[PDB]
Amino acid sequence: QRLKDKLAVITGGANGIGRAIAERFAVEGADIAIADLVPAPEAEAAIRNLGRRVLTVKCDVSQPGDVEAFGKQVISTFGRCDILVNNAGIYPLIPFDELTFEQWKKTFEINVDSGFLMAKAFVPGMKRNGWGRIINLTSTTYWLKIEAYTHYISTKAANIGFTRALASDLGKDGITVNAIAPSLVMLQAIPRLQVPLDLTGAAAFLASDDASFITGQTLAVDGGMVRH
C-alpha cells in the first residue's frame, strides 16, 4: 500500500475514470473524498468494502462557492488532502460554426476553473505538510487532428499548461503536479480498446513516492497512438 494514511480527492469520481482512480487509490491504502454532481453510492460501497474511509459530496466543481464549501468539509472530516485528482470535465462534440461563446465559456468553467479552484482549496494543506500530489486529466486529442472540439481541446491544452506552471510553483514544497492523457472515447500501436483500468496504474504511480522526482509532465496512456 503505497498510499497508506493519505487522503485523496477525486473530482467527477462518481463514475468512469474518476471512480476507477478513486478505488485504485483506496486499494493502495488511501481514504477518499469525492466531489461530483451525482451521488456515488457504488464507489462508496466498494471503497468501504476495502476498509477505507470515504466521503461523497454533491458539488458543482466549476462554482467557487461549492468548491470552497467542499474544501472546508474535506478538511473538517479528514483534516487534510494529500492527493488531488482533477478528473471532472465535459466533452460535447460541437462544430465551430455552432459553438457559442456561452458553450465555450461553460466548457472552461467545468474543465479548467475547477482544477484551479480545487488547487486553491487544498494546496495550502499540502504545503504545510511538505508533501502533495496533484494529477490533472487531459486528453490525447490535444495532439490529434479532430473536428468539432475547439472548445474542448482548448481546455485540455489549458490543463497541460496548468500542470506545467503549477508544478514550477509548488516544486519546492514537496508537491508534484502531473497530467495523464487518455484517448477520447488501428491508429494505436496496441490493438486494444481503452478501459478505465488502463489509467489507474499511471495515476497510482504518479501519486506514489516512486515518482517524487517527476513533475510538470504529461503521460499519455493510449495504446501508443500519440507520441510527444
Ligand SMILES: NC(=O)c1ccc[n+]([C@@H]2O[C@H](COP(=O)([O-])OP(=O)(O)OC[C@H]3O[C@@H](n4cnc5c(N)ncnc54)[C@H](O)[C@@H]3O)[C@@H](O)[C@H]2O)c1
Given for the second form:
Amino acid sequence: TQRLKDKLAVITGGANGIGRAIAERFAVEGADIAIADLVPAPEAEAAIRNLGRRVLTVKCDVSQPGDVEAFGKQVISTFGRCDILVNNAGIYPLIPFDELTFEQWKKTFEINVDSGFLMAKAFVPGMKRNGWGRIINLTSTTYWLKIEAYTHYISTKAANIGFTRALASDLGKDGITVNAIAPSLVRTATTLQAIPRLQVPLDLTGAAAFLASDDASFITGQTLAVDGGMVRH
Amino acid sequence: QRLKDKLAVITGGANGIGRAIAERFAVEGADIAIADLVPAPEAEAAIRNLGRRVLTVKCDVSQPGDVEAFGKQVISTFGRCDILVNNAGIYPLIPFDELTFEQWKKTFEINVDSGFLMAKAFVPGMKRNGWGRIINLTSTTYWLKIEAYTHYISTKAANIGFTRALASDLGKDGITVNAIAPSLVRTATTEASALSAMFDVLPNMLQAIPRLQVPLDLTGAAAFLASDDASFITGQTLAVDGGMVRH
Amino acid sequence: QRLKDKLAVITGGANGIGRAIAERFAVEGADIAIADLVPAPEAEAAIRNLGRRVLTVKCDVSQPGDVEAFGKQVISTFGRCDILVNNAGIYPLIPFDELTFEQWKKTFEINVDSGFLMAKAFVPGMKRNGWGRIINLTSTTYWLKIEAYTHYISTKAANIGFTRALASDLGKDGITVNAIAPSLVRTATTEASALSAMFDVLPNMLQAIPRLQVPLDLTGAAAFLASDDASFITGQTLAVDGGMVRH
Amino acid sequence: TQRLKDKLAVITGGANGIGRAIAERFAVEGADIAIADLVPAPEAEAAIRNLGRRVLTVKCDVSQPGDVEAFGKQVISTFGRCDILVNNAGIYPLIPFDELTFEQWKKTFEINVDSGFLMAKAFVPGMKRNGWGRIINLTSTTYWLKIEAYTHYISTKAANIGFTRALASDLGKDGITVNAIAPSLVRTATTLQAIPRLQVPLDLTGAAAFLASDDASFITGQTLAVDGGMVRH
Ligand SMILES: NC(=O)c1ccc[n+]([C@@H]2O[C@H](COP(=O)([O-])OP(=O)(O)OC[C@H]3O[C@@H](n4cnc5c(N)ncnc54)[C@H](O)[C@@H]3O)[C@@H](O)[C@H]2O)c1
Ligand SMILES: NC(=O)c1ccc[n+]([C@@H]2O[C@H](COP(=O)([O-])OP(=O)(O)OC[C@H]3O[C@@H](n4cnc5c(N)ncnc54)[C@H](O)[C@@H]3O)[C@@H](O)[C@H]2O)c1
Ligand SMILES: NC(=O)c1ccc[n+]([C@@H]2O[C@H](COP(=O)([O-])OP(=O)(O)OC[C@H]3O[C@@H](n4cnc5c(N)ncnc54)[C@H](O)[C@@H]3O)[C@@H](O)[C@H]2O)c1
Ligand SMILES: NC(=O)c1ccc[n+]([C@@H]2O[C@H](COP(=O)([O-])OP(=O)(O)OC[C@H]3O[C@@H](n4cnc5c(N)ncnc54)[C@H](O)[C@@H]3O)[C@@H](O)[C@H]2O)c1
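What I would like now is the form solved in complex with the named molecule, since the data block earlier showed the form solved without the named molecule; can you produce it?
Expanding to the full complex; the earlier chain stays at the top.
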C-alpha cells in the first residue's frame, strides 16, 4: 500500500546515510522527492527514478537563508508543493570542550538547527494552504546519554526537540504534524541495547513513513527513539 | 497484509480502543482472540465480516486460573500467539482519603497483573518461534496533574516500567515490547463517566490538535508497532494524544 | 536545624540509604521512627548520640496490620509524623522465564503497597496540621537497559507514578510528594549481591562522575526536599547518580 | 549555615527577577557576587552590600564574545576566581511563527544559548584549576507544555538542557557539576498546578543554593522542575 502517493517530500541531507534511505523509502511509498544537499546525489536520483517517481536534487547549503529561499522556490515551481519536510541535514564532529571554539559552536547550530527553521519558513505556507503537512526532524539518542566531546552537538540535537515540540503547537490547527526521530549509533558511509545489533539506515525508514502517513495524523510534538531499546524516555 | 498468517490476543477487546485495535489487526490479515469480562458480539461480527477468524472468551485477565485456561483455548484453536495487546484496565475516580487498600490492590490486579499473567502464557511460544509483539496500553495521565487517581496512575506507570523491563528481557528473542499512551479518548465508558466533562475542554485547550480523540486515532500506531517497520523499536512509550504531552 | 521539632518516619532505615537518611535528618534536628524487618542498633545509637530521640520497630511494611500497629506506636510516642521516607524495598535478580506470579506479587507488596499503606497512616496527621513531606525511593534502572528485573523495575516505575499522583492529591494541603533515584549505591546488601561486579565498571564508565556512589551522596538531596527550600517542588523525581541518566 | 562562604558566584541577568533573587540568596549563603547585565543593578548591589558580601556589577551584553571575554577578565582580576556560574540571562517575547523572522530567531539564540557557552569558556578554566565548580543553567517548563508563539523561545530552552547534559559529561571528572532549573510562569517585574499559587522568584532560590552546595556534588546533568507540581518528567 502506497501511503504517500502523490505527496511531495523534501529531504535535506538526502545524498547519503539516513537521508538517502528515507528518501528512497518514501519513493517506494509513492512520493516524489526533492533533495537538498552540499554534494550531488547520483545514487539517490538513480534509485528514485527506477521506482517510477519524480526526483529533484540541488546543491544547497541548508544553513544559508539565500540557498534555502532559492531551493524553496525551485521546489514550488518544479512540483508546485511540499507536503512533507524531513530535516535530516546535520554534522556531528567529536570535539573536546577545551578545543571547542565559538566559531565551531555557531557553525554547528547554523547547520543542525537553523536549517530546520529556514526550511519550515519556506514550506509551511504551502502546507497551510492545502490544510495538510508533515514535518519530521532528526535528533539523536545522545541527548539522553553520557558521552564526552559533544557539547556543541548535543546542544543542537536538543534544540531540534524543542523546535519539534513548539512548532507542533503552532501548526496543530492547520492539519500539520511536527515530530522527531532519534536514531542510535547508525552505520552510514561516514559514521547496552535490548536488541543486540548495530543500527542501519533502513531501521529508521519504517518510523519515518509511519509518521508521514494518515496513521499518525493525531501524533504531533513527539520524539520517537529508534535505537534497539537502549534509551528509555 | 502486514499481519497475514498471524494470531493476535487482545484483552479488553470487546469495546472502545481494544475493539478498534482488534478490528484493525484483522483488516491487516490477522486472526483474533479476545479476552474480556463482557461479550464481544459486535467485535466478532466485524472481524468475521472481514474474512478472518475470531475467538471471544469471557475471562478475568486478573485471575491466574482464567488466563491459563484462556491460553490453552487459544493454542488448541489457532495454534500460537504472535501479537499480545494488553489493553484491559479500569480507572474509577477515587480520593486518596477514601481509597482503601482493597480498591488499591484490585486496581493493580486488573491493570498490572493481567499484563504479567498474559505475557507468561504467550511469551514462550513467541520465543520458541523467534518472533513476537507485546503492546501495552498506558495513559498520558502519567505526565499530568490530575487528582483522585493515585491508584490508577501508579498502575499506568507500572505498565510503562513493565514495558521497559520486559523489552530488555526479550530483546534477543525477536520480540519487541512497547506501550501506547492515549489522551482522553471517546468511548462508551468515558462518555458515561465523569471525564465526559472534559470532552470539550481538554481537546481544544491543552492539545495541539483541537479535536476529541476517537479509537481510530490509535489503530495506526498499534498496527505500526506490531509490524516489521518497528522491529528495531522496543521499550518505548508512544503518546498518541494530539500533542498534549511531550516526553 | 532545618528539621527542628519534627518527626520523621523512615522505612528500611536500619542499613544503607535509609539509615544514612535517618542519621542526616537527626543531625538537622529531627526525631526518628524507623520501621524495618531487622533490628537497627547501629542506627539508634548514632541518632541518640546526636541528641535526638529514636524509635525502632520490627515491622513488615507490606502488611496492613503491622503498618497500622506501627502508626499507633509512633503517635503515642512522638505525637505526629511530619516527614515520611518510603525507602523499604527488595531487588532480587530473576529471569522472566523463571519469574512466578508469587514472586511478582510479593515484590509489589514490599516495594509498592508499603508506600501506600504508610501514606494512609500518616497523611491524615500531616493534612490536619497543614504540613508534610513524603519522599519515595525509586531507581535509575527505570531508564536503563538491564535484564532479569521486570518485577523490580515495574515496581520502581509504580513508585514514580505513586509520587506524581499523590502530589496532585495533596498539593493543596501543604504537603509535597517527591522521589529520589539513586545509581548503583555501595551498601551491605549490594556488596554481597550480584551487582557487586559493576562496582568498578558502571561508575567510571557510564557515569559523568567516575566514583562509586555511597549513602552520604543521597542525604543532601533528601534533607533538601524535606525542607522549606523545596516547598514549591512536588511530584518530581530527582536522580542522584553521578550524571548517568538524563530525563 | 553558610554553604557558599568564600565562593565567588557569577550571575548573568542578575539585575532583576530570578537572577536578582538568586544573587541575593547566594549572598545570604556567604558568597560574593559578580553580576553581568545590560542595565545597572542598583537594587542588587545595595541588597548584597547590606549582607556584608562583595559585589561587582557590569553593563555587559552576554551575547557578545567581546563583552563576555572582558567581563571574564574583570571578574578574575577583581576576585581572582569564579566558583559558581549561573546562566540566567534570557528573553521570552511571544511571537507567532508566521511573524518570526530569521533575525529574531538568531537573536533569541545568541542571548539565550550563546551566552551560556561564552561564559562557560571564560570560567571553566579556573574551576578546573581549583578542581571545583558549579554551573547552573536556567531553562523553562514550557519545554514540556503545549503553548503557541514560542518556537524560537522553546527551541533555545531545550538547547539549554542539552548544553547542561553534555557539558556535564565533559567536566564530570574535574569536580564540576552542571545542572539546570526549569521554573514555571514566575512573577517578575517584567513577566493546572498541584500547588495552587502563582510562582515568585524566591521559589527558585532554594533549589539554586542546594545545587551550588556540597549536598549536590554527586548531582550533575539534571534538570530540576520547580513549578508547583505542574510538569512531570
Ligand atoms: N550517524 C549517526 O550515528 C547519527 C546518530 C544520531 C543522530 N544522527 C543525525 O542524523 C542526521 C545525519 O544522518 P547521517 O548519519 O546519515 O549523515 P550522513 O553521513 O548522511 O551525512 C549528512 C548528510 O547531510 C549533508 N549535509 C551536511 N551539511 C549540509 C548542508 N549545510 N546543506 C545540505 N546538506 C548538508 C551531507 O552532504 C550528507 O549527505 C543528523 O541530523 C544527525 O544529527 C545521526
Ligand atoms: N479511554 C481513555 O480515554 C483512556 C485514556 C488513557 C488510558 N486508557 C487505557 O486504555 C484501556 C481501556 O481503553 P477503553 O476505554 O477504550 O476500553 P473500554 O471502554 O472498552 O473499557 C475497558 C474494557 O476492558 C474490559 N475489562 C476491564 N477489566 C477486565 C478484566 N478483568 N478482564 C477482561 N476485560 C476487562 C472491559 O470489559 C472493557 O471491554 C485501559 O487499559 C486504560 O487504562 C484509556
Ligand atoms: N542500593 C542501591 O544501589 C539502590 C539503587 C536503586 C534503588 N534502590 C532502592 O533503595 C532502597 C534500598 O536502599 P538500600 O540498598 O541502601 O537499603 P539496605 O541495603 O539497608 O536494604 C534494604 C532495607 O530494607 C529493609 N526491608 C526490606 N523489606 C522490608 C519490609 N518488608 N519491611 C521493613 N523493611 C524492609 C531491609 O531490612 C533493609 O534494611 C529500595 O527501595 C531500593 O529499591 C537501591
Ligand atoms: N519569567 C518567567 O515566567 C520564566 C519562565 C521560565 C523560564 N524563565 C527563564 O528565566 C530567565 C529569566 O529570568 P526572569 O524571568 O527573572 O527575567 P527578568 O525579567 O529578570 O529579565 C532578564 C534579565 O536578564 C537581563 N538580560 C537580557 N538580555 C541580556 C544580555 N544580552 N546581557 C546581559 N543581561 C541580559 C535583563 O536586563 C534582566 O535583568 C530566562 O533564562 C528565561 O528563559 C523565566
